[PDB]
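Asks: Given next are the chains, with one letter for each unit.
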Amino acid sequence: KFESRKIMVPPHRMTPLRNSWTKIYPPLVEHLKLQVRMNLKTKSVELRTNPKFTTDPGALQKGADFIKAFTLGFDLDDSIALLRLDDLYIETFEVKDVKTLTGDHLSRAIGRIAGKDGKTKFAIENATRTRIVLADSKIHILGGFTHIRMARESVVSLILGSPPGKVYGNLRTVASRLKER
Amino acid sequence: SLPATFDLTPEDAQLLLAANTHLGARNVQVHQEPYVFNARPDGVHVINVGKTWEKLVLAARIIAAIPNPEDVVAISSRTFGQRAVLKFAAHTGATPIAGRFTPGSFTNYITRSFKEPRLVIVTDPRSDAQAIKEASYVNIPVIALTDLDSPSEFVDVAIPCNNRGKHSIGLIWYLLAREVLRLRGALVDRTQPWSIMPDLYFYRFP
Amino acid sequence: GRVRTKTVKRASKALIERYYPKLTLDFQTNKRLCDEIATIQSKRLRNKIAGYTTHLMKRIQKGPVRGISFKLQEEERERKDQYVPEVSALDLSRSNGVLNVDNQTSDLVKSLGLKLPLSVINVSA
Amino acid sequence: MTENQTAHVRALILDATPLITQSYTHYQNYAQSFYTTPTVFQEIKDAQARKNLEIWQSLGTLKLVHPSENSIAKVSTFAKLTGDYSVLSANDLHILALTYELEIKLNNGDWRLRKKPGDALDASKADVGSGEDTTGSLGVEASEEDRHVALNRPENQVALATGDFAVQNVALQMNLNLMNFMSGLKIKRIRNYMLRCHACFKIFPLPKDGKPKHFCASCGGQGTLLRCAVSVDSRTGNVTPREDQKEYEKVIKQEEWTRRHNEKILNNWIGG
Amino acid sequence: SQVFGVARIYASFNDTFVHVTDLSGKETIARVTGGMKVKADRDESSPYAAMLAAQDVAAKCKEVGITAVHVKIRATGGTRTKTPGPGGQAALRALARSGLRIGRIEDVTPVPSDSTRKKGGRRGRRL
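Chains h, A, R, a and O, in that order, give the protein sequences. Heads up, the final residue of the first sequence is numbered 273 in the authors' numbering, and it's a clean run with no missing numbers. Heads up, the final residue of the second sequence is numbered 207 in the authors' numbering, and it's a clean run with no missing numbers. Heads up, the final residue of the third sequence is numbered 126 in the authors' numbering, and it's a clean run with no missing numbers. Going letter by letter, the fourth sequence gives residues 1 to 129, 237 to 348, 394 to 424 in the authors' numbering. Heads up, the final residue of the fifth sequence is numbered 137 in the authors' numbering, and it's a clean run with no missing numbers.
Don't take every hint at face value.
Stated by the list, open to error - Quick look at which bits of chain a chain A covers, simulated, 3 or more residues with Cβ under 8 Å: (1) 298–307; (2) 395–405.
As the list claims (entries may be wrong) - Below 25 Å or equal to it, Euclidean Cα-Cα: the simulated SDA-like pairs (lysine to any residue) are: (3) a:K309 with a:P348; (4) h:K160 with O:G131; (5) h:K213 with O:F23; (6) O:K92 with O:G75; (7) A:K56 with R:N97; (8) a:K309 with R:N97; (9) R:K111 with A:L9; (10) a:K398 with R:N97; (11) R:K81 with a:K318; (12) a:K318 with a:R254; (13) a:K416 with h:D169; (14) a:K309 with R:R78; (15) a:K318 with h:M130; (16) h:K211 with h:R264; (17) h:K125 with h:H104; (18) a:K309 with A:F38; (19) h:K98 with O:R18; (20) O:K92 with h:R264; (21) h:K98 with O:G113; (22) h:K258 with O:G131; (23) O:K82 with h:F94; (24) h:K98 with h:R129; (25) a:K116 with a:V403; (26) a:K320 with h:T134; (27) h:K93 with O:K82; (28) a:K320 with h:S112; (29) h:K135 with h:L198; (30) a:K315 with a:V403; (31) R:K81 with A:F38; (32) a:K315 with h:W113.
Treat the hints as calculated values from the structure; they're not laboratory data. Built from N, CA and C at the ideal position, the CB exists for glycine as well.
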């Protein structure tokens, strides 16, 4: 009653894969009780199960979700939060899907979601229980629906070109009645 | 303006090629192009070691030209450099600066690290660049050990060597020490080798 | 927090950089030790200094601390010269008397005009 | 009907890798006496390895022997001469010292051991009586009397069973007998990767932590270190193929503190 | 050995569809919406509604007897987004959690070569 899933390894993250793989595999192999095989040539990771493992069918989907998380820039502490919780999910979205921007407009939108020393990114991870990774044209937010929904409202404020001060004011407003309840 | 005995003795040339001083960096500045002879074709240049010998002969003449031997100051912050300058300061009586050179030491007479030199030797002009620029304020000649990609500004009589390896820096400090003691008069015979071996200046990490 | 004052700390630093060996792990001997060596005006302050020297005797016996001790500083005065090798790496016998030199530096040797035991080695890329 | 495979080695020094990979039955047909260090046995933490260690302790064939301090000093001097002391552990040095003491006791002298690397062996005292090239030990159909004569030879008195390439290079520098953990044949040559300076041509071993050296130890050239395969012959003993900134030490200490904090966070995640 | 189904997950911002039939799209077997499982209009696309809806689809597939299933997931595609929303991810978690065998997981989202104009205008569409 085996089951194997196939997943793709990005080239931009295979060097931290071989850097921190020693911290990646033994928590899931010990606590979550799975089997991992590499294919370093064909950018593939084999996540396999066995009847000699524990019967837990949903943690195979969870393990494919950990490697899908690690596909898109995500560190290992968010993998610990994905180990412990279940309400935390993943999202991608595009810069062009809100507003048609080109070139330096795209660069200034990436600068607006990034900010000076990543401070508006810091303000959006700490006040919303979200975690932020910026790609070239992809935005990535983890978490639950009440958390990521106000993260949606903030990021479509910010990528529309609203100033970050109004983002901070609306951010602490939604954080205020977030921690109020 | 020098006698013919002063040139490259072949055991010193064997000593120079033993310490890999002729190997250098990959970038060649506009200023230090005559020190390179040609390039071994990976990206490593080889330097004219006769220029290094005669250039340190100049630096030895600068050090011997001062009247007070305690007024020359050696500067170091590289890990090999502290041992090299403490041996040089032990053997010629110079004032060493080991480790962190204190800012405001060449101006600002208040600080107890205020020494005014008339002559300054520096291990490299990039990591010890602050002693270079503070000596640029109170009119001090600086003779220095520059690589092939060292900053060449604010130095005069700069000795091309290798500051990367401990062999070359310990040897080149040893040769400056033996050149100035053979020029001052502490070792009368030019034929006689100096009694201390160059491996005293060499760094070991236990 | 019971952070001790700087006078007790500095007096203990001076009395341990200078008067190391007769101080020990016993506070009661250290009390009349700092009575017999130091002129401290009060019983309370000399108790502070004697207890602090007792505590620095407690952690000095496990290893070295950043401050000055004599019995190490003779040792880095022969660390400067005790490990001189009888044969260095710059001597001839470590390469059997003939150097490992490329073609260009042998051209430097034959162009400058010196005679030297060189072995030409061919290197590429 | 299995043949009576006689032991070709009187005593074999077993590492944690051969104790974990192979059972006592795999090493029973090759060696007569089993010797090991107590720290290597205390370092074993796997459950199947603990069961195999309990089975070996019930068998009683394994001898827990600590090496002598003078042999430890000689092994440390040999490792400092060969430059392998930075990568070798203290347990590896103790295992090499115990192997040297067992070879000194078994052969009644140190004529078969080289004090320095590249020194010729004293052959005048012999008449007084995975990248490993193990070729030449195959095709030997020795009889029982031939196996007894080979076990009576001083070359097969002591063997070192280990998986550490630095320890294998130290034993090849000491001209010690090396045996495969799975095959049991005597190692003749070993091929390993070593860091070579591209300018100074200085040879250094691979790092234990796996981090690449940004500056060479002797050359100092940025990127001058290259991965070079080196072969070591047991008969000859010849291996055939900046950092001075305080900010660099601060970066190394920050990387070590980050690794320690990550290990603490991983331990809290495992134990939470 | 077993029988594989052909599954579709359609993940908008405001609902989810878990919709499965046999091979080649012959006749639809199970059919749920986000609106039928939670009557609250704020929770049409909730992961709770997604998992309960996919659990009812799994119950339908178990009573018709299909054990293996092949799934493709999609967004709306076109001028709107490309990767599915988290309701699809919770649907995947539910169908794997249900004990039903899974065959293949891919992303058949209808991707344009070159799209037309979206429904926002020049300025933007979201808030």
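Asks: Hint by hint, note whether the structure agrees.
Replies: Status of each hint after checking the structure:
1. 298–307: holds (count 3)
2. 395–405: holds (count 4)
3. a:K309 with a:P348: 11 Å, holds
4. h:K160 with O:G131: This hinted pair is violated, its Cα atoms lying about 34 Å apart.
5. h:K213 with O:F23: Distance ~24 Å between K213 of chain h and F23 of chain O Cα, so the pair holds.
6. O:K92 with O:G75: Answer violated: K92 of chain O to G75 of chain O is near 33 Å, above 25 Å.
7. A:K56 with R:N97: 31 Å, violated
8. a:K309 with R:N97: OK: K309 of chain a and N97 of chain R at ~16 Å, within 25 Å.
9. R:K111 with A:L9: Satisfied, since the Cα-Cα distance of roughly 13 Å is no more than 25 Å.
10. a:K398 with R:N97: 38 Å, violated
11. R:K81 with a:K318: Violated, at about 31 Å.
12. a:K318 with a:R254: 46 Å, violated
13. a:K416 with h:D169: 12 Å, holds
14. a:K309 with R:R78: Violated - the C-alpha atoms of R78 of chain R and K309 of chain a are around 31 Å apart, more than 25 Å.
15. a:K318 with h:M130: 22 Å, holds
16. h:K211 with h:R264: Given pair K211 of chain h, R264 of chain h holds - Cα atoms ~14 Å apart, limit 25 Å.
17. h:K125 with h:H104: Violated, at roughly 28 Å.
18. a:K309 with A:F38: Roughly 24 Å separates the two Cα atoms, so the pair holds.
19. h:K98 with O:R18: 19 Å, holds
20. O:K92 with h:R264: This hinted pair is violated, its Cα atoms lying about 31 Å apart.
21. h:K98 with O:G113: 11 Å, holds
22. h:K258 with O:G131: At roughly 23 Å apart (the allowed maximum being 25 Å), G131 of chain O and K258 of chain h satisfy the hint.
23. O:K82 with h:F94: 21 Å, holds
24. h:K98 with h:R129: Roughly 10 Å between the alpha carbons, so the hint for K98 of chain h and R129 of chain h holds.
25. a:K116 with a:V403: At roughly 37 Å apart (the allowed maximum being 25 Å), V403 of chain a and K116 of chain a break the hint.
26. a:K320 with h:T134: Since the Cα atoms of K320 of chain a and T134 of chain h sit roughly 29 Å apart, the hinted pair is violated (cutoff 25 Å).
27. h:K93 with O:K82: 23 Å, holds
28. a:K320 with h:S112: Given pair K320 of chain a, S112 of chain h holds - Cα atoms ~19 Å apart, limit 25 Å.
29. h:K135 with h:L198: 30 Å, violated
30. a:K315 with a:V403: At roughly 19 Å apart (the allowed maximum being 25 Å), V403 of chain a and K315 of chain a satisfy the hint.
31. R:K81 with A:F38: Roughly 37 Å separates the two Cα atoms, so the pair is violated.
32. a:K315 with h:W113: Within the cut-off at roughly 17 Å; holds.
Hint violations for this structure: numbers 4, 6, 7, 10, 11, 12, 14, 17, 20, 25, 26, 29 and 31, all remaining hints satisfied.
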